[PDB]
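Only one chain comes next, encoded as structure tokens, the form deposited in one PDB entry.
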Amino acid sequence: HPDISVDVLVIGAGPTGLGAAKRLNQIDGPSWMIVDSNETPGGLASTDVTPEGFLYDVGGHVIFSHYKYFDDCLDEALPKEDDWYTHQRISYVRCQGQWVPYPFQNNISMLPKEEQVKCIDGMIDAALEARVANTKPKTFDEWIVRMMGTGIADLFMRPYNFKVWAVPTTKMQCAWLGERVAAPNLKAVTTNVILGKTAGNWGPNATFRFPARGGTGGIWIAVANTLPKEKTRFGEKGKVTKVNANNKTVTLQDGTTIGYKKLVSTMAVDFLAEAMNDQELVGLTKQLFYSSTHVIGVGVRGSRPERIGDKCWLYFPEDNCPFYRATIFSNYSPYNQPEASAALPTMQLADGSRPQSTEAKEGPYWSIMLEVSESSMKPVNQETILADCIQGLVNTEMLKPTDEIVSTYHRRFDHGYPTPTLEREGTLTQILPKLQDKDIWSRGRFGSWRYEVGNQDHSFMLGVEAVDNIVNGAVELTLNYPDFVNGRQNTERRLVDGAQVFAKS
């Protein structure tokens, strides 16, 4: 007999695991428990803070929900109006020393004239071939050339996507992008070139809210707080070291054993294979691909420069900086960095030289969060990446050479993005059903490895829907039909369902 027995054990307390927990807690039927090796829940949706008081999320995190259930839980956890800030998405792409509104492909109008001709010519060729196309594109690259043409492909899509995905567009599938990659309309785009008009509204994150305190991690801390504490085990005491799939037993680092009837595993599935000592699973998970994410944080002295303004996040396709994206993190909340009266010495100027004075001085302060991808196809020198990011901020004119840096942050996240490679699905349809036969629901950004349903809401609902399948025979819609859930408002499932209304009387 194990030290503990539950009907449903949940491994991991990032958004996916917390979703499972919240639904299990709502249903209030089967016995359950949730573990995490980190004292603080949140996973990749956590927030660090530097010794100088600058917060950094794990790169640009912005909340946009496809589901009422997710909204209910966020609202329950942070109920007050002042718990949140609402923002309009101000996003641009850096091209030829100018800012082009996102998305690039919908704003050819803001490019130099020569590039406009190249881009429109390409789009015209794409339009004409699309008129007689009877096959579907097989790769990301093919999709790009078919929907946008060579000009936009060469000028932006190919270099940008390598820079973020850390693999070439030719290596990726194209079934994942319905809600990620705007397909430009030939008429609309040439119309906007003629009129000198912009088109900045595409996509589900054109408007967003952000938590007032604690960064994104504050959401997940607060959501986890609504759970019955005795059913949680966060910390070294919650680290899973072994999974015995055959005896339905999990063993924690400190030796505690947990018996389960059903397992919801949200750890990276490659890690799960290893913990299962299941060599067949290990070899299959090794066929999957992922990129690592470097997050670099820079804290800067001074009121917000006019050149920065209300910008939220910014894309960098070009080669004068190593990061693919920058977020003006100080625009998301005034509590993402120190108050103006906080005294901090300058650590260095942006040009890398030492400050004239070592004296602690006041603010105000603003804050830039940078992301740099890494993979076996795109190596990164970890020792120079911080300095390279800062010089890149100078190169791109985000920072003046004389700007004063009062805080820095660098952290590498090994599992950053699950790459939509050509091989992904062939591999997953071997992995998942083999786990499913053992009553293991492997779910989440790396639990199920599907980026198109890899945001916080998707993740949370992967957890919720796993529970709903386990208990109520629900369809795992988010897991198996990304375009379906992303294309509709999912209003049916609520934090209070009829089951609870009826049972209360």
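Positions refer to the first chain, counted from 1. Think of the rigid core as the biggest set of C-alphas that the two forms share within 1.5 Å after superposition. Compared with the form deposited in another entry:
- Shift analysis on the rigid core between these two forms singles out 179 from 72, 425, 83, 179 (C-alpha displacement of 2 Å or more).
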Second form
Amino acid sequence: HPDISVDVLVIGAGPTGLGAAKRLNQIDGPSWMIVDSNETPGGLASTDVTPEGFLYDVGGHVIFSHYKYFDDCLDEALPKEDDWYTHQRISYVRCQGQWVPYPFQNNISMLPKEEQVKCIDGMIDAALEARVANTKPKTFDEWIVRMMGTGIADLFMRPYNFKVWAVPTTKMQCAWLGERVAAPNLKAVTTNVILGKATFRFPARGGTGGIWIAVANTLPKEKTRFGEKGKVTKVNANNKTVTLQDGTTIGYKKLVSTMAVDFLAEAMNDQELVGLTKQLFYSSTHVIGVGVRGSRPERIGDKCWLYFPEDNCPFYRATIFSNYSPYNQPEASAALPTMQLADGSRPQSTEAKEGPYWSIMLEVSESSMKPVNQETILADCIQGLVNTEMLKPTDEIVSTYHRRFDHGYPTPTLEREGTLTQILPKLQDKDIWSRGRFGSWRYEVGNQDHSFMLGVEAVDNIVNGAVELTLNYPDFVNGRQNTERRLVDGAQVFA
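Mind pulling up the form deposited in another entry next to the form deposited in one PDB entry we just looked at?
One chain, no partners, no other molecules: that is all that follows.
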């Protein structure tokens, strides 16, 4: 008999695993335990802090929630109104000196007139083709052109997605975008050209990763195992037993694995699965943070992401992270020396001066098809912020952050579903629910609300026979209000 024995074992305490844990803890039926190699729960949804006191999310923030169950877990973890800030859900595209509001096509009235013509002409061609279309598009690129036409495709969605995915649009599938038919709204785009013409909540303290620390605090501490004591090293699927760094063995009846599915295959010493997982493609992500002295720029004022399709900066999206919360960066009274100016030069005084401060966060993608010079990427990003007029050449940088995440994005390549329906059934037959951004490799359910629910539904499947709707039918869950599953169900009321 092994060291510890449980019914369902949860590996990993990012959002997926915490979902699995929260539902196991709600049901309070089968015994369970959650393990993670990091002392701090939250996975890639965590928040780092520089030596100078600037916070940086690793893996974005939730701008829309699809599940009342997700909301119920957040409300429990952070229950006071002074725990959250409310911001308008907006975003902009940086295109030819302009900040073009989202969605890009409804705002091309900001571009030069001659360029509007090329855009509308392309969309007319798409609209007429769409009138006689009788096939689904097969590649992401096909989807883009059928939706936007060539003009708008080339200005934003084509170059932007190469910077994001680090593979061409011609090599990616498009089922992941949803079942909305790939046609343009010519009347809307043209009308806005002719005329010349909804919130989210963010944690007040802790950054996004503070949510998951708070959520994890609701679990019984004795049923958790975080840090070096809980790193998994071997998974023996045949004896349903897991071995840890310190040699502790955990036997299970059913297993929810949240770790990257290729790492699971390596830890299983299963060469069939290793061969399969190596067919999956992914990009790595450089997260770069820049802390600046001063008040923020006038023209980049609200709490959003910014998209950069153009060649004059390495990053694909940036956010003025200091707008999300005053607690993401130091008080103005804190004294910090200027490390450098934005143009690259050393400062006048190395004296520690007061604030106030603001903060920019960037993302650069890397893959085998788009390599990245690691030694210059931070400087190249800072130059890009000067090129996009987000920093003046004279701005004082007081903090820099740069971390590289090997598994950044799971790529929706053409080959992905073919590979994945060989992997997930094979692990299913061994009683392993591999779920998550990299547990099941589907980006379109890979943000925080979807990932959290992948783990809830996986447990709901193990105990209560529920359908894994998020795992298998994203457009279904994304197209409805999921109000049925709640943190207090009938099952708990009736006891």
